[PDB]
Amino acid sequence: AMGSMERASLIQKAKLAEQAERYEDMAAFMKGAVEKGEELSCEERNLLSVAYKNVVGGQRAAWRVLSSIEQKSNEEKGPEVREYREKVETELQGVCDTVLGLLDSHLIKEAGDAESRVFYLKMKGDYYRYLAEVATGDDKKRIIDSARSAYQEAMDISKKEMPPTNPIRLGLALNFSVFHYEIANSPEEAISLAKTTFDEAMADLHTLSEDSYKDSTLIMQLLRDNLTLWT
């Protein structure tokens, strides 16, 4: 539906939608911009990420509420709780599949710089992770391994190509630690990764401007917040 709108108009409208807190519209505008086929700038990658993280965040919150009610039900109240949890689940899967589709066609393959490639691979890890949260069985196993593989490729590039305080490197490590703790049943791997990431960023802070220091220390606090939750 966005095929007739200029790329620059799609970007401008995504920024308007963000101001209006209209995140579904924001995601649709950014999907349209990606589908123009040009690479995204740093600012545009961030719009894409913010839009979808807010859309999927709404669905994840709802899915948790409904899953909890369903689990409690398990007086008979009929199929309705399961049906509606499934509806929300299907819509959530559809959003994840859309994002993964954009990454595969063709954002990741054209991303040559470390900052873009790590950003997109982290996104690939995150959206497979959201799929894993609602998956069951071995179906679940291949999804978990897809998330793992994407995060691992991102980490390998980030460690070779970015400083330990780079915010995208920090955010990737934070989310991969969350993957280990919440999805992969590997709380020790989670704690080790978050601690090493934190310590290596601390040792690099002296190299940063006031503004970069603020950006890095904000994400380090998130790693610290998790380490406090986990230990």
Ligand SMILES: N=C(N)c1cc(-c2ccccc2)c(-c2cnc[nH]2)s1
Contents of the next structure:
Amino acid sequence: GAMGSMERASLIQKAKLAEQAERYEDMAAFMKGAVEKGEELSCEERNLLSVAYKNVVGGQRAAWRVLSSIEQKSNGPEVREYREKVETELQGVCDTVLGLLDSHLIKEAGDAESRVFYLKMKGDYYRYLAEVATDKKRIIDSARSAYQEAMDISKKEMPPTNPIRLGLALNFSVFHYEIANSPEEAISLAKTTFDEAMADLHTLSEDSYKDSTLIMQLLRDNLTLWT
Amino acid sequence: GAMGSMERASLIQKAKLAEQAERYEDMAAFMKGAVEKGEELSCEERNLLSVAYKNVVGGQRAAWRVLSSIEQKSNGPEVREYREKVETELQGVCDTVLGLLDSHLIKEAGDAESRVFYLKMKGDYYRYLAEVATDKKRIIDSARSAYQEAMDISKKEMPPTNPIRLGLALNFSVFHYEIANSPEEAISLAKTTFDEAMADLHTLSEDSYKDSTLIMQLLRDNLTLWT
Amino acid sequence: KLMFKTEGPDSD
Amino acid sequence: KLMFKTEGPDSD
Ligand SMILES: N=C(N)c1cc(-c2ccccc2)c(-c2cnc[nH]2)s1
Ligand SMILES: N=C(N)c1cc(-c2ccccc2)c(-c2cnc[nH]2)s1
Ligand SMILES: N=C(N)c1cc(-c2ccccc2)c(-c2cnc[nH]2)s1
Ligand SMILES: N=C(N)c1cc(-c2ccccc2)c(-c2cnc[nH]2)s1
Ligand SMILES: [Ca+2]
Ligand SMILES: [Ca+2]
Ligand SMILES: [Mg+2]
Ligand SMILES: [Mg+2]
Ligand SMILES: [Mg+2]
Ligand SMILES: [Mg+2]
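Moving on from the form solved without the ligand, kindly provide the form deposited with the ligand bound as a structure.
Zooming out: every chain and molecule, the one shown earlier first.
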């Protein structure tokens, strides 16, 4: 693609500059270029990729919800057409990210920290497709399948305080609550995840403790809304 | 262009939706499409055009300053290249806006409220080019020329509380301070503008009073920083 | 919509 | 940079 002529190291440096500049579309394009070099990503580089696309799809999701609300209130073709324009652009970002995960980030990810991170991302981008889907059942099952594989590996290979494992459980619990219409599964997963993390905190340094408790606070925030 | 097939009314409706969705690049493209229909713009439509492009170029200016600061601290080619990429995209947005003003918004604008609004915009987009220019003298003179023509018409045809006249004076004073290196001219213009507005407030309804005092507060904010 | 608490940038 | 107060959206 357009980044084929730039050094991998230059694409990563420019991703970090684009982040500082709040240029998330540029950041995502630089990280897509880095992934297409074909080398595995480091932990820092995986996080750059995730932050870039999360910011991009986050803008699109926020816009889609504003337009969907207006469209529902309105029930001229303009509101539907513009909601459909934003929806298609969102689907294209999800398809781009799922494309990178399947070509070939997941298949070359052997360590638990890489493989769980990428399978969580695959679950998250299917979830974003599911949010706008009205094939919806098959998209939901794709999200569930990715999250379940990531959960199985995380429970065998990572301590319960591992921030990737915690973020996975957080996002899978929100999948259950509002995509799968399984609020009881969401609450059960959030509580078990919180309680098992609480009991492992004793093992951590000050810096790991801060990283784990930050995500545990998001589980608590959801449980407070759900109960 | 790409908006040639959409009704003017549909482009304006979608500009307002894009604004609600914080989709400012879409908002700007819809308003460019409306301008290219060739009809004059209403007061509401002129404001949609201005808000859309102000939000777009505002993102680019903020990004450019972040990258320029890093570049100045750094004195590899990556920081310069990426600052140059953002700078070129910013110049292209300014050239697009100046293109709409010259083809043919200014030449068909006969009422003071339209003609001052568009000549202020022409001054503002030359100022944004001047911010990144290093031809810089000729760009600064283009900005000055547009602002001075707008000021001459505003002083003859608009009351001193007119919010367009006030915004013009505010922006021309900032042009003097930090583009033209004329801080004394900036302060003099801001003070005279504030004092003449103060003395006309008595003529206004509650709603016009609120609109005028909001911009007068921006003049005061600058004078507080400058003195 | 009430959005629940997911991991990473709260970008929506 | 210290930016001064210009008219319209404070978008930068
Ligand atoms: N926004 C970003 N640039 C980053 C977020 C994280 C991260 C933040 C919190 C936890 C795990 C990773 C990065 C990182 C990973 N290993 C070195 N740094 S970089
Ligand atoms: N890149 C991918 N692996 C996929 C994208 C989409 C999709 C979904 C919605 C719109 C555009 C593409 C998939 C899909 C699964 N069921 C139906 N559509 S699979
Ligand atoms: N962001 C926007 N949609 C607008 C800003 C202004 C405006 C706001 C303040 C003063 C003058 C105009 C609009 C408008 C003009 N005449 C009817 N409405 S629309
Ligand atoms: N559209 C317009 N009227 C202009 C754009 C530029 C420009 C400026 C910088 C970069 C690209 C275009 C102008 C110019 C005036 N002096 C030198 N360059 S005039
Ligand atoms: Ca559309
Ligand atoms: Ca570049
Ligand atoms: Mg490997
Ligand atoms: Mg006319
Ligand atoms: Mg959110
Ligand atoms: Mg500003």
